[PDB]
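Please put together the full structure from these sequences, using the hints given.
4 protein chains.
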Amino acid sequence: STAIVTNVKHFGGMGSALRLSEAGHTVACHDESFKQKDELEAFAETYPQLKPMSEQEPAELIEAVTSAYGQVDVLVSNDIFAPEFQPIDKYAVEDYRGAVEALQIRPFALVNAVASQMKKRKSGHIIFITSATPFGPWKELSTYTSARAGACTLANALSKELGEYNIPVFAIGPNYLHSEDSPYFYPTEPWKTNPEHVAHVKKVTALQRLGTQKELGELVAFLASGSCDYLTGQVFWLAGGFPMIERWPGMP
Amino acid sequence: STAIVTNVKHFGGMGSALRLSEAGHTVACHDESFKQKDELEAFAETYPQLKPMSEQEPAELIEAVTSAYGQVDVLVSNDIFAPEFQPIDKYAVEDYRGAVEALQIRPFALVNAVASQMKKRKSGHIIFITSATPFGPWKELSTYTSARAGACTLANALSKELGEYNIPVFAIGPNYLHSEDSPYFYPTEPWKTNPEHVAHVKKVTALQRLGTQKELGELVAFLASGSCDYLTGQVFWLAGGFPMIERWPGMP
Amino acid sequence: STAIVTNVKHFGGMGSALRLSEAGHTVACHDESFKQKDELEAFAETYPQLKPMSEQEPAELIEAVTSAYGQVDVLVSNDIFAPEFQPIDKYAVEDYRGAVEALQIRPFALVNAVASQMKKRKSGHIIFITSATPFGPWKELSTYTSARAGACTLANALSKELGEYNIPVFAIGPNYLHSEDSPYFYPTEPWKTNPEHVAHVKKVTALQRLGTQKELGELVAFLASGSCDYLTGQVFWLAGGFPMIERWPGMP
Amino acid sequence: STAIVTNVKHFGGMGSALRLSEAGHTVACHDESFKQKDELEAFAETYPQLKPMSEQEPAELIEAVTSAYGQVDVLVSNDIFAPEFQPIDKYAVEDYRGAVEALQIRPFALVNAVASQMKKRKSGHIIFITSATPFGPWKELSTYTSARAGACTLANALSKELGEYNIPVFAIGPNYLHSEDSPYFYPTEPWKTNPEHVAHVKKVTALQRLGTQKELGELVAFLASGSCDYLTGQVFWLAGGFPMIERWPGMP
Ligand SMILES: [Br-]
Ligand SMILES: [Br-]
Ligand SMILES: [Br-]
Ligand SMILES: [Br-]
Ligand SMILES: [Br-]
Ligand SMILES: [Br-]
Ligand SMILES: [Br-]
Ligand SMILES: [Br-]
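Sequence order for the protein chains is B, A, D and C. Positions in the first sequence are counted from 1; adding 1 to them yields the entry's author numbering. Positions in the second sequence are counted from 1; adding 1 to them yields the entry's author numbering. Positions in the third sequence are counted from 1; adding 1 to them yields the entry's author numbering. Positions in the fourth sequence are counted from 1; adding 1 to them yields the entry's author numbering.
Check the hints yourself; a few may be wrong.
One copy or any two copies: either way a pair holds, since identical chains are not told apart in the list.
Said to hold, decoys possible - The calculated SDA-like cross-link candidates involving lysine to any residue, where the alpha carbons are at most 25 Å apart (straight line), are:
| no. | residue 1 | residue 2 |
| --- | --- | --- |
| 1 | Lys91 | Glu165 |
| 2 | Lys52 | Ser22 |
| 3 | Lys204 | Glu247 |
| 4 | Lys36 | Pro250 |
| 5 | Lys121 | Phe86 |
| 6 | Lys203 | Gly251 |
| 7 | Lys204 | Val236 |
| 8 | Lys36 | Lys121 |
| 9 | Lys215 | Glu40 |
| 10 | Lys204 | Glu46 |
Calculated directly from the structure, the hints in this document are not laboratory data.
Encoded structure:
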């Protein structure tokens, strides 16, 4: 198969991509960093089993991989955006506007992009790596949330129509997924090093730990394998127990 | 209390506003047709208990109702849009934008301009008029539907930060809400006078009929009354027992 | 008309049974204590506007309220059961049949009793008083929490078939709803008193307070009044914003 | 590691035993007929790779598997009970008790029986094969719908507690699942051999095809492999798009 993975360096890209590559797929990797040739180069060096594309814009990115690698069989729209809290009256309209464009409009394009070619041949898989915040909203983060829920309903609606040309559609919304080196959204520090953050993570995720790239990677590879296409329309909540709820006074 | 019904001429506007003024409120009324000094006077003649505003903009409007009627106690962001039934690749990426700027960005643009003045009084109510399409998505309407899901989620998210100031925030997701003269989204023509359509209503709705303005106006006014701010963060499905799932061969 | 409220001395009992009477209905009231002619006489005493019953079984009560008061236009299955917090291997399978029996079996038995008459008169309103627990469970409450889920769903499944008959069915799932002296499930002792139970109830909710019987009643009477028929099949989370999710460390 | 798969001859039961074993899992099965020697033996003889047990009571089944095969690492509760459509009032309260008993008490009891070992050792996978009816309740299948519901929350609620003992808990809820020979609940005829039903599935599912036993089995195997435990608490709608919402008039 020929896959794509956007923002490979953040959120869930190195976990998706490599599990994808480990499975012998052709994985083209999009990252804004890959705008600088000094960058894309070392990446295509650090991971020779991957394919970092300089192509920035949605549709042209699809074009690079398709024309460079025959086509694109799976789309893993790993979308990211700085979740910078703010009571509603302190944000700005462009603040909300910029999250919808990077968490909502962005993946819609990629599909409006690759859509025709998967449909023509009757094959392809589409996966949005959204976010589990809607499943449980914190206070003061409305812009990023409404943005994530928007994408999730898109994947679900996108299935009632796409099951036609045999293209399963799903969305994996993460919460507390270890981003390691990446600041999007839970890096090693302090998330694993600090006692308050680790005690937080233990208290909020049922599993009492952070999530791994390998875990998400296994699911995308499984969804992207046709082994269970009948799962289409599903909104996967990869938050290891989250959101954990508050027990009454007394109950330890 | 002083209420604000947007697009009072369409969708849930006339239902809310007329019954909002019915329950005692000074209902300020926004509508794009009221940009013309002409129109703002046409509708006013039709309804003397309503107060039509010419202001189109979120901040100017709220600013106007503030300087016009003391404050803005209740906001009914009765949003509308005339999307399209298109296969993902048949929409322009521009089409999704507008859908988001409509069903999503506007309600937020309003909340962002009124939220400020409400938090001081530690009183107020926010009601979004959304859609019940996220509950049961239709193939080829991934825009309008998902945008609405964005508005719904933003409504629930905002409930998180606004309740700290005792401000309820809800969303009402209609479906088959008879709209009358308004082509948003179930005008009497032909949903009540055309055999094929009439039939589509009776077959997909539990009550088997379009809902009434009095019904949608009752809820809005019910929520806006203070009778149960404890529902805050709630999304109402005003789709009337809808959706109905087709049953096995033979079954009626 | 005539409406019935089960377990009226508990849960959302008082709020529903006094508000329905306020709205103008003849409210036959059921309750465990009404087994004793004294209790029924003492209740009917304190509240000559409510109609306490002796009947204990589903068809028994409804058939009795039919012969005495003409018919049963509204039914509020105020269900309860003293929940338990145990590791699932600590429970006894019987304990689940107890939860299931009272939380799902009682409501189904009643509707199975009344459906018929409402169906013939194409008029009637059914309300279920459940919980918001299936939305933000608590560990070790697997019995009650899940049992309620089937009740929440029992209500939803019905609204589809009873809608061709013009009969709405609603599910009210509250939580942290102060119940006076009723340990079902938030008595003033020790929730409106004990600082420990005060800080907590004041924490998992966006409104920071228990919900009031007044809010439960307003909603019960709003739905039964027959003003918003179109919300049929709706489940209401009367949790006042519950739950508030533990934000990361360092955040207020 | 050892696995159990109940009612193996029906529902998701076979795909379950078949895929699991192929993975290297010893799979101890359960099934009413296994109660008869000839029954169980032809099974042990037909499916040599499988390990059928004669034990049928939940309490009885566990100690026996834990005996012959040391322990129970994976619990797959494949709960059945034939659905009996009919208006709510024609239903006998015993027809809802019967549905729940077999769909809520049975799986609760199994975990009750097997938990502490999985908890004590701190490893194990719990998987409930419930249903997708609560996703799109057809008209008139109440009892069986709200039943699958409780079983679904049972799993979500349980995952919250067993997350400390590291035991993911899942609920795979299918519809249109091909049960080959089994009548539970989609057999060969007429689903794959009656233009009528092929046409029904052709409309209600997005993929206009039924769900294979292999896809279900494959989901069963992946969920208990340790590859994506972070999905703990997830309800999986395995219905290939069901339900497809009938769009407005004139649309193809
Ligand atoms: Br491949
Ligand atoms: Br918020
Ligand atoms: Br995350
Ligand atoms: Br929890
Ligand atoms: Br509508
Ligand atoms: Br409660
Ligand atoms: Br089977
Ligand atoms: Br099925």
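Which numbered hints are broken by the structure, listed smallest first? 4, 8 and 10
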